[PDB]
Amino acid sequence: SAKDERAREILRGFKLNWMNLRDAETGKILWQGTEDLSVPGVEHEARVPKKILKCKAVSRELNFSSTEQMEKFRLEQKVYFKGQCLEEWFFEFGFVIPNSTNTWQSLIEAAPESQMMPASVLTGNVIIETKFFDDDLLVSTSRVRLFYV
């Protein structure tokens, strides 16, 4: 109940300003999203360029503002393909200063994958469920359906 109240307070002060996917090697922006993907209760959509799938290393840039302080801001992202969990990502940011705006890049450094699922198969069939936490406090759960265009 106090937990519920604190979570809603954080969420009220929180905005995802933008998300970019970048080519980590060149810094080139491959996709820019400006919808607040952190808002719960709606299915958001992202139309990402199919060329993403052949990019050797993709950094995820999130820029977010928070009126509230957070001790351990972090994300859990579960990627579903046709209802079934394909992969899981966990990204910790850490301590967030009250009234701050922060640019956050995340990279999972791994071997590029030469064998991928077709864009035509992925598109519209991928949902990313993101849980926004401060430590163990769940602030928000959003869903984004991916199209590869």
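Shifts are known only where both forms have a C-alpha. Here, rigid core means the biggest group of C-alpha atoms that superpose within 1.5 Å across both forms. Numbering follows the first chain given and starts at 1. First, how it differs from the form deposited in another entry.
- In a rigid core superposition between these two forms, 26 is the single residue of 32, 99, 103, 26 whose Cα is displaced by 2 Å or more.
- The rigid-core alignment places the CA of residue 114 2 Å or more apart between these two forms.
- Listed in sequence order, the shifted runs between these two forms are 25-27, 108-116, counting only residues present in both forms whose C-alphas move 2 Å or more over at least three consecutive positions once the core is aligned.
The structure above corresponds to the form deposited in one PDB entry; please provide the structure of the form deposited in another entry.
Coming up is the bare chain, nothing alongside it.
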């Protein structure tokens, strides 16, 4: 398919360079991944400090490079807990210049305290499924298992 070949071109040219999760109230980086978590067909793992569950909001800063242009780069992320979808997150970056490196910052706000899930319940049981799109074209689907430490 024309569309499959293009998706593959974009992916071959795409990578996540680094990513921070920063406490938006203190400024402190709590977690910094340097692995390319866009890579599909393998389960990635991430260990995050459990005190991230106490933040009122987190700044997620993602640095990525793309050889190909994208008209409307966006993400859909699902949070699966023991295979149940609990949450769905949507983020839009927009136009990506060909051969560019870009930092994308987004604020993820905590739910009310009474709805937050405990670390000991979550750890090892959460999968984040990320679909990377250019508008309606699915470029990659990646999976990351989270451990809260």
